[PDB]
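Fit chains B and C to the known structure of chain A by using the hints.
Here's the letter readout for the chains.
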Amino acid sequence: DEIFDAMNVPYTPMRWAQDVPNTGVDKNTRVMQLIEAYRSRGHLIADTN
Amino acid sequence: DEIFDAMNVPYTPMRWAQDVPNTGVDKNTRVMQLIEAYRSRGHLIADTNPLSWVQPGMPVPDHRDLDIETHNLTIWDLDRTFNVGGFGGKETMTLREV
Amino acid sequence: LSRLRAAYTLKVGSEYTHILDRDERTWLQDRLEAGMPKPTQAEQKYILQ
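Protein chains in written order, with PDB author numbering: chain A, 342 to 390; chain B, 342 to 439; chain C, 440 to 488.
If we strip away everything but chain A, and leave its shape as in the complex, we get:
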């Protein structure tokens, strides 16, 4: 956050996380939900100001 603020990157950085364990959850249908979210509300984090 400190590096991005200094370099004026108007985006949130990628976060460290552990690779999610293999339960029943399907990821392909959730990639589709992410695509809809960006199409509908991606303007809420766009470099417009």
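By construction, these hints were calculated from the structure, which means they are not laboratory data. Be careful, since some hints might not be right.
[To be verified] Computed cross-link-like contacts, DSBU-like style, restricted to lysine-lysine with a CA-CA straight-line distance of at most 30 Å:
{"no.": "1", "chain 1": "A", "residue 1": "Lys368", "chain 2": "B", "residue 2": "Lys368"}
{"no.": "2", "chain 1": "A", "residue 1": "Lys368", "chain 2": "B", "residue 2": "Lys431"}
{"no.": "3", "chain 1": "B", "residue 1": "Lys431", "chain 2": "B", "residue 2": "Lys368"}
{"no.": "4", "chain 1": "C", "residue 1": "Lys450", "chain 2": "C", "residue 2": "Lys484"}
{"no.": "5", "chain 1": "C", "residue 1": "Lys450", "chain 2": "C", "residue 2": "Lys477"}
[Unchecked claim] Among chain A residues calculated to face chain C with C-beta under 8 Å, some are:
{"no.": "6", "residue": "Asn369"}
{"no.": "7", "residue": "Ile376"}
{"no.": "8", "residue": "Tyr379"}
{"no.": "9", "residue": "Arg380"}
{"no.": "10", "residue": "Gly383"}
{"no.": "11", "residue": "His384"}
{"no.": "12", "residue": "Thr389"}
For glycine and all other residues, C-beta sits at the position ideal for the given N, C-alpha and C.
Using the frame of chain A, we list chains B and C on its own:
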């Protein structure tokens, strides 16, 4: 269409179609696109008008995205199970239940 | 993510998914996801003038 008009069913009937051939096309991601279409524009085919009236002069938006045939799905998929990505709190569901 | 970022999170924030007609909504979707073209040097000098 004639039977539905006589019985006052304000919905389009299911259409006959051949079961789509097995090409590369995935159906689970297209079931998700159908769920979004109903959430967003399902009101365009809802039984909200007490009159069987369509105002001439008013433009009608295209809503083919509410027909299962647009997402390469037919009546033959109704009792097949698909991944629905947490819809209704479930991972899998049949297209009939969806 | 690169396609979604190029289309919806750079210097242009678009609002179009509320459009009811399927043909009009798909035209906007396809043009925004094709991206903003790389401007030529001649174009850049015209904007500077």
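For each hint, the structure was consulted:
{"no.": "1", "hint": "A:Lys368 with B:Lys368", "in the structure": "holds, 14 Å"}
{"no.": "2", "hint": "A:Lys368 with B:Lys431", "in the structure": "holds, 14 Å"}
{"no.": "3", "hint": "B:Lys431 with B:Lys368", "in the structure": "holds, 17 Å"}
{"no.": "4", "hint": "C:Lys450 with C:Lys484", "in the structure": "holds, 20 Å"}
{"no.": "5", "hint": "C:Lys450 with C:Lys477", "in the structure": "holds, 14 Å"}
{"no.": "6", "hint": "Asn369", "in the structure": "violated, 15 Å"}
{"no.": "7", "hint": "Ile376", "in the structure": "holds, 7 Å"}
{"no.": "8", "hint": "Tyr379", "in the structure": "holds, 4 Å"}
{"no.": "9", "hint": "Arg380", "in the structure": "holds, 5 Å"}
{"no.": "10", "hint": "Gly383", "in the structure": "holds, 3 Å"}
{"no.": "11", "hint": "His384", "in the structure": "holds, 3 Å"}
{"no.": "12", "hint": "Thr389", "in the structure": "holds, 5 Å"}
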